[PDB]
Amino acid sequence: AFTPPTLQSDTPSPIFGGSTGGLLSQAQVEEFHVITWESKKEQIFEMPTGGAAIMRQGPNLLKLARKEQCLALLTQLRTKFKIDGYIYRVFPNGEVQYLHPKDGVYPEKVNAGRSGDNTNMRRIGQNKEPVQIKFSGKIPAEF
Amino acid sequence: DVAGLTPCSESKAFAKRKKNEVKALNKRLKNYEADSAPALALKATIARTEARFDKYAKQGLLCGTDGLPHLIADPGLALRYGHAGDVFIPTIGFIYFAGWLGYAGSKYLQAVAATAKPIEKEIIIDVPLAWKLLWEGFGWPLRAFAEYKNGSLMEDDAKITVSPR
Amino acid sequence: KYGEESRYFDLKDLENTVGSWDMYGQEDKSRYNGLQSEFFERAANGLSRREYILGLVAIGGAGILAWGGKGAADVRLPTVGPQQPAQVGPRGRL
Amino acid sequence: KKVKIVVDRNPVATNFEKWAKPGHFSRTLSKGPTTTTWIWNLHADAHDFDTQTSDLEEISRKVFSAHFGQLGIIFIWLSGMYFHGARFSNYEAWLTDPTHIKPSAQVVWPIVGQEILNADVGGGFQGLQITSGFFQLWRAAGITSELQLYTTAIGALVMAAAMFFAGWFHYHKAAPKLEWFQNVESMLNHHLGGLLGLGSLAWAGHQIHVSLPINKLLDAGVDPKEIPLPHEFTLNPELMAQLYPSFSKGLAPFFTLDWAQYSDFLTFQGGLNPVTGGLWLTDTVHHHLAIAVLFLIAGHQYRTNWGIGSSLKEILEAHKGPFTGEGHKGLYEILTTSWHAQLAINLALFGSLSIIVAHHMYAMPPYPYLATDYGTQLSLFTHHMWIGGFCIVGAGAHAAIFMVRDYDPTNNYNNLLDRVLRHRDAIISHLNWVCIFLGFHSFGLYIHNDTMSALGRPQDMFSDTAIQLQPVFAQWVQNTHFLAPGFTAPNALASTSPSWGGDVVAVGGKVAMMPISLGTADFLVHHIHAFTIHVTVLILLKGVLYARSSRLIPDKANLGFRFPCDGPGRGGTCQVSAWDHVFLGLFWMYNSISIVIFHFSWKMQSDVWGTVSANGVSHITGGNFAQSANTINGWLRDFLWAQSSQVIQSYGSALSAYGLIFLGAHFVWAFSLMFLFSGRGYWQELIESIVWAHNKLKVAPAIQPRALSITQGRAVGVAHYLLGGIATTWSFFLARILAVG
Amino acid sequence: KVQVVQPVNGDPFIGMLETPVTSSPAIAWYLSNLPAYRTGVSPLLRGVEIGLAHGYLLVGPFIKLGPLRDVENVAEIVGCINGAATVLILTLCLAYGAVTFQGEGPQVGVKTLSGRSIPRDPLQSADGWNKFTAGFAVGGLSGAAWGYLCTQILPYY
Amino acid sequence: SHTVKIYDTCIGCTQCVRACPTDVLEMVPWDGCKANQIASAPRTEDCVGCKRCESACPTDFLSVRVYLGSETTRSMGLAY
Ligand code: CLA
Ligand code: CLA
Ligand code: CLA
Ligand code: CLA
Ligand code: CLA
Ligand SMILES: CC1=C(C/C=C(\C)CCC[C@H](C)CCC[C@H](C)CCCC(C)C)C(=O)c2ccccc2C1=O
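Protein chains in written order, with PDB author numbering: chain D, 188 to 330; chain F, 318 to 482; chain H, 34 to 127; chain A, 11 to 751; chain L, 295 to 451; chain C, 2 to 81.
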């Protein structure tokens, strides 16, 4: 079994001068994501919102408007720095949902113990014709 | 008179157009000395214009309401009235020459398709082979009819890709 | 926030970390002087309801139509003035 | 350290083996053209040296040799122009009578009735009337001979051969190393002094010893055959002393600093020479000498192999203020290691230079008898305007390319580039608001004028006769320039240009330059120009700023500078790349420059160009700009329909080629609309059907035919659009200005 | 050495930046002292003041630029135009307050820039925006009416 | 809220999972291919619809099919 890591709120943030591409009004009333990673030295990386930031030694904490920004930062950390990280979904009511490394290992590597949903056992051309599903509220591929 | 048209040999407006063109060129003439290079150029232009108008009157073209040659694009209507050179004879000429070019290109495609690298032979053209096939394409109609009667000109539909309807 | 150093996230204080701030709104009771506040709340008393503030727009549109009825002509306006001869046209028409 | 010449002996062998194989420069083009997309990408990536090699040294060597090849092409072009001026031109005849003889330097072969394009230009000569102004330039240089143009053509051919030999030599025999290209101090020290300064000084020397005496005799009125040759004017100071008496004392007052005695040929009057309508050539001599001295002084600012001089890095890094953090930290490294950033800066200032050239050359003509030929004037202005706008768009493109490829956030922390990238939303939003405000207060003024004219209310529209909008700042600036001589310009005998104010300069019965009055229509069209420039800036700056990343697409730098989209998701991410921002900015630059040149042509056909009749000036259109250029119907009717009668009735004359191009460019512009409006999937499926037809007859190409890529389609569409619009305007302008004037 | 551009409230991950115009003490005082940022006083009087300012604002363009600007009775016709403009802006406020305040959403809250909790403003409510719309009603027509009376009592006009 | 489906022509090359910028796809154990892995889409609510997975699929025709459907604040990719 695998347990998700807790979001340690009192985690230091990278050195940054302040951008205009950061959080907006969506964070207060819908959602804002957050990414946490461990860096082995003080070095400069690129923000998903524009500009350069310096992440510090040890834990680094960065909140972002969208999950795609968090994954862009994570993939640039993994490629240009060989640094893994954790992404969390933080609701404004207080509940925090763990996100990307959901079962510990990365999704491109098998784990034996995942849900194989949305996997049809037919070919592309074996879907139903749209006339046979007429007036149903579903596309032919989700039958 | 094939469709209410008069021959340009006897139509008055053809002669009027020729006179107007020659008079405009003479108005251009009346500014230089007699033996200058512009004078010789304008004299050559005048000679070309008069030769063109006299040739058009000679060849038997049809003029409409005014003096402009009209062409007939109906076989029979142009054959028995002697205007097959308007459309029919150039139709045969284009069909022959376009078939020559297309058959040469086709035979080049089928010649280089069965080589080691057909990809390279289409940007790097084998010039002797292209020259030989361009020469051989002058007998394109007989070759094409022979390959059509043999059935080797067209491809079976079962060996040709289609979309899944 | 708990931003005593470089910590700009806190689940126990999630209000400040998200970015919800007043910017310039400040709480103060003192602003308008006496008697005039009562004067203006009496001026805008029953009108505060949605139906009556709709009825104000209704009488505004009534004024819009009253301009067309009697008001456009009071400021002259060429669309209700008289006309001066006419033109024939290209050919024999009118 | 230590600026010196470093090269590599024989890096690249000279042979033809890579000529046999196209696509050798890039690895992605290997293993043959499986599709026609390979064919298109081969031309697309021919000059993209970053995708060819990762070494900055090889990129720099390729750039250097490409510069040499371009210089050879330009020298071939100059040789061709001088050869056509020598052989197929009426230049000597035009020199005798420049007022009436129309310049011509190209003739045509009588083949298919095209000899009608040989105009009756005059001088017993037939040929195409040129609008490039080579005749005026050659008269300014003091040619006045056919043999000298041929000698210059041969010399330019020799220089082209030298350029090509230099490029081959510097790519194949002695290719400079990377640190040679990075000596920006030495490069600036030699371009300021040895290129620009020495070139200006040498041209001042030529103008003194060739242009001044020959043009002085021409202005006094002498047939060019009996004018002494330039060398014998240069050979002895005797004839020069007859023409300019200060040459009797020679170089003695120069070295003793009694330079005021040289005031006969080193002058400062301003205005125009009344004989020719061009600038005073002595004033041009004085100008070139002064700027040559200034540039040679400027060429000693930077430090090379000796301790004197200031380093560019030191000057940059010390210009830091409280509002900007580290300031110019990192700018020296991203300009001495990235070619695209330098290309962006140089293209921007080069296009601005071309636009400034267009402005300064209509305002006050520098060549004799250039003002009177309205055709070459309008053509030169419009050509330089279009070149400037194109170069500016390319500057935006290469700034975006640098932002995508050569921008490293490590060495660009908290500097001006970082500061700009960290508040890009503010800049873009504010430019958007400025664009909307300018669009309203420029175009809606025209629409209000249209509505009030169409409602029969001319008193309610914005005009000089109703609601005035006067350019008070511009009018006062004209007044300041007009009152400048004798006050704030004590040594000036006349203003810089007659456009500020004063008397009408007339040469040969035609107005050389007359004062330009600004009214409501000029106010409206200047605000239209500001609006169009601001929107083009908005698109280009938005592409540059959001090339790296975005709120919608956070990893746009991974996808590259030139990619079509990131899929139909997020609502649709079509044209998110900086390339597509350049693609839209091309159209917007086209719109801007088109409005600018329309305003230029209408304003000077209505208020400047015309004939004098010793009681007034009869303009080409008759003052219709002031009462019709505030209305869109006025632009459509009084400018775009009234002046179009010259190009549509040009059949059967020498302007029939302009008439034909006027329709062909319409065809090309509307042909662009296919590529601009459609999409790749339709054409791919249609090509599939055509491939079925080819398979049925065994005529399928091995190279698979593919529809043009999305970026390919956009590029083809914008290229055809700009070509068609610019060629339509070119044919219209040239036919109108060569039929009437 | 001197710092003038800073992240707002410390965290560099919010869309604002501290700038000597968006948070200079004079401009911050002026923006806080505008009626629209007075969460303590009743929204009706705030709307009254806003309507007075905007009604007295809108007189001028119609006076100097309207279709009847060249006739003596421009002031009355402009007062009528401004009454109509006040009515249409009033129904804009009506529609806005009816669509954005049809329910409730008590999430997160609001604090000041120092770190003190503050109530989330009575203006942002169904009843609160009704008082603001009613305040803009009497204020908007009064500002137009005072603008009409200013055309006859001012010496320099 | 985009419909993402995986089909049995998948060869388990994991390229669709690597191409995904919002972590929608993952590899689950399978027995129908040589690599003994197939793609799956448990987090289609995070799918924006960019079709980068389709651009990475080498199977002809592709096995990871994305059907654009209902749009939410995450499918539209909005940060405001
Ligand atoms: C010699 C090569 C060749 C041949 C035999 C054909 C033959 C054919 N083409 Mg095709 N085509 C070609 C080249 C060729 N095409 C090229 C290079 C293009 C890209 C411009 C096209 C684009 C094209 C389209 C879009 C369509 C056809 C269609 C057709 C069919 C209708 C007849 C026609 O002439 O249409 C017109 C053909 C053209 C407009 C292209 C001609 C271009 C030149 C003249 C041919 C190439 C010459 C070649 C280099 C010579 C090599 C010599 C050799 C010794 C090396 C026909 C079977 C039509 C069809 O599907 O009919 C059902 C159709 O829709 N062609
Ligand atoms: C005849 C002498 C000669 C020969 C045999 C070579 C041979 C070679 N050169 Mg070289 N070169 C030469 C002269 C020569 N060069 C000159 C004079 C210059 C200065 C411009 C250069 C500058 C140069 C550079 C910078 C590079 C090479 C490279 C190469 C190698 C491969 C590229 C190539 O040639 O593909 C084929 C090229 C062509 C068939 C011609 C290219 C297109 C020409 C230049 C267009 C010129 C403008 C023309 C008028 C068209 C304008 C528009 C027109 C339609 C109106 C190759 C072995 C490349 C290399 O070594 O790879 C690493 C390399 O990058 N050359
Ligand atoms: C006084 C010295 C001098 C002069 C006159 C020039 C002149 C020029 N340089 Mg150069 N440069 C110099 C020093 C100099 N440079 C030094 C010291 C360096 C090392 C830091 C460089 C590095 C450099 C680079 C990297 C490049 C240039 C380029 C250019 C050309 C600019 C483009 C153009 O079209 O201009 C106007 C065109 C003309 C004025 C035509 C006249 C051309 C003649 C032949 C100029 C001869 C000057 C030359 C330096 C003499 C020595 C060469 C000799 C062996 C023949 C121009 C001709 C660019 C270029 O286009 O490449 C060719 C470019 O890429 N230069
Ligand atoms: C000093 C000028 C200059 C220089 C050196 C460069 C250099 C470069 N540019 Mg660039 N650019 C410039 C100016 C310049 N540009 C200007 C003025 C513009 C605005 C139009 C652009 C817009 C631009 C874009 C949008 C792009 C580049 C790109 C590139 C890079 C690759 C070019 C390539 O191989 O593509 C291929 C070049 C060609 C295929 C040449 C043909 C281009 C058109 C079709 C020619 C126009 C037709 C011509 C007028 C003839 C018409 C008559 C006709 C009827 C015969 C390269 C390093 C590309 C890049 O990826 O950067 C890394 C990129 O996509 N440039
Ligand atoms: C003036 C504008 C214009 C023009 C000329 C065309 C032309 C064409 N369209 Mg098109 N279209 C347009 C606007 C235009 N469209 C617009 C705005 C839309 C909406 C987006 C469409 C949407 C559309 C669709 C959806 C389709 C077409 C198709 C076609 C082709 C139909 C075949 C044909 O008629 O052959 C005529 C050929 C020509 C008109 C080309 C001109 C001949 C050239 C100039 C000769 C070459 C000479 C010379 C070498 C030129 C090169 C010079 C250079 C080397 C310097 C044709 C090429 C259909 C198609 O593909 O057919 C199979 C197709 O399905 N169009
Ligand atoms: C027509 C069209 C095509 C089809 C275009 C094709 C197939 C290109 C046709 C080129 C042919 C094969 C060559 C024709 C050669 C001409 C005689 C001269 C062309 C000019 C060259 C010298 C550059 C697209 O692929 C496309 C893609 C995306 C958006 C819009 C469109 C689009 O509008």
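Fair warning: there could be bad hints in the mix.
[Said to hold, decoys possible] Simulated DEER-style distance windows between Cβ atoms: (1) C:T73 to D:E225: 55 to 63 Å; (2) L:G397 to A:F447: 30 to 38 Å; (3) L:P314 to A:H201: 50 to 58 Å.
[What the hints assert, rightly or not] In silico EDC-like links for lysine to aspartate or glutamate, alpha-carbon gap of 20 Å or less: (4) A:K708 to F:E437; (5) H:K103 to L:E370; (6) L:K405 to H:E60; (7) D:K296 to C:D9; (8) D:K325 to C:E72; (9) A:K28 to F:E439; (10) F:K335 to A:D474; (11) A:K708 to A:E698; (12) H:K45 to D:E225; (13) A:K41 to F:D443; (14) H:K45 to D:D290; (15) L:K295 to A:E125; (16) L:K358 to A:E125; (17) F:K347 to A:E698.
Simulated from the structure, these hints should not be mistaken for lab results.
Where a beta carbon is used, it is the ideal one built from N, C-alpha and C, also for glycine.
Hint check:
Roughly 32 Å separates the CB atoms of C:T73 and D:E225, a value that falls outside the hinted 55 to 63 Å. Under the hint 30 to 38 Å, the C-beta atoms of L:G397 and A:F447, about 37 Å apart, fit the expected range. Taking the beta carbon of each, L:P314 and A:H201 are about 40 Å apart, not inside 50 to 58 Å as hinted. For a cut-off of 20 Å, the pair hint linking A:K708 to F:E437 stands: about 19 Å separates their Cα positions.
As the CA atoms of H:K103 and L:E370 are separated by approximately 15 Å, the hinted pair is consistent with the 20 Å bound. The hinted pair formed by L:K405 and H:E60 meets the criterion: a straight-line CA distance of about 11 Å does not exceed 20 Å. For the proposed pair D:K296 and C:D9, the alpha carbon gap of about 19 Å is at most 20 Å, so the pair holds. Distance hint between D:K325 and C:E72 is fulfilled; the C-alpha atoms sit about 15 Å from each other, no more than 20 Å.
Straight-line distance between C-alpha atoms of A:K28 and F:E439 comes to about 17 Å, which keeps the hinted pair within the 20 Å bound. The suggested pairing of F:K335 with A:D474 is violated, with an alpha-carbon distance near 55 Å, which exceeds 20 Å. Distance check on the hinted pair: A:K708 and A:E698 sit about 15 Å apart at the alpha-carbon level, within 20 Å; holds. Of the pairs offered as hints, the one joining H:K45 and D:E225 is violated, with about 23 Å between alpha carbons and a cut-off of 20 Å exceeded.
A hinted pair counts as satisfied when its Cα atoms are at most 20 Å apart, and A:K41 with F:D443 qualifies at roughly 19 Å. Restraint check for H:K45 and D:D290: not satisfied, since their Cα atoms lie roughly 27 Å apart, outside the 20 Å limit. The straight-line distance between the Cα atoms of L:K295 and A:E125 is roughly 76 Å, outside the 20 Å bound, and the hint therefore fails. Only pairs whose Cα atoms come within 20 Å are accepted, and L:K358 paired with A:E125 is rejected, the gap being roughly 64 Å.
Among the hinted pairs, F:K347 with A:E698 is inconsistent with the structure: their alpha-carbon atoms are about 62 Å apart, more than 20 Å.
Hint compliance for this structure: hints 1, 3, 10, 12, 14, 15, 16 and 17 are broken, all remaining hints hold.
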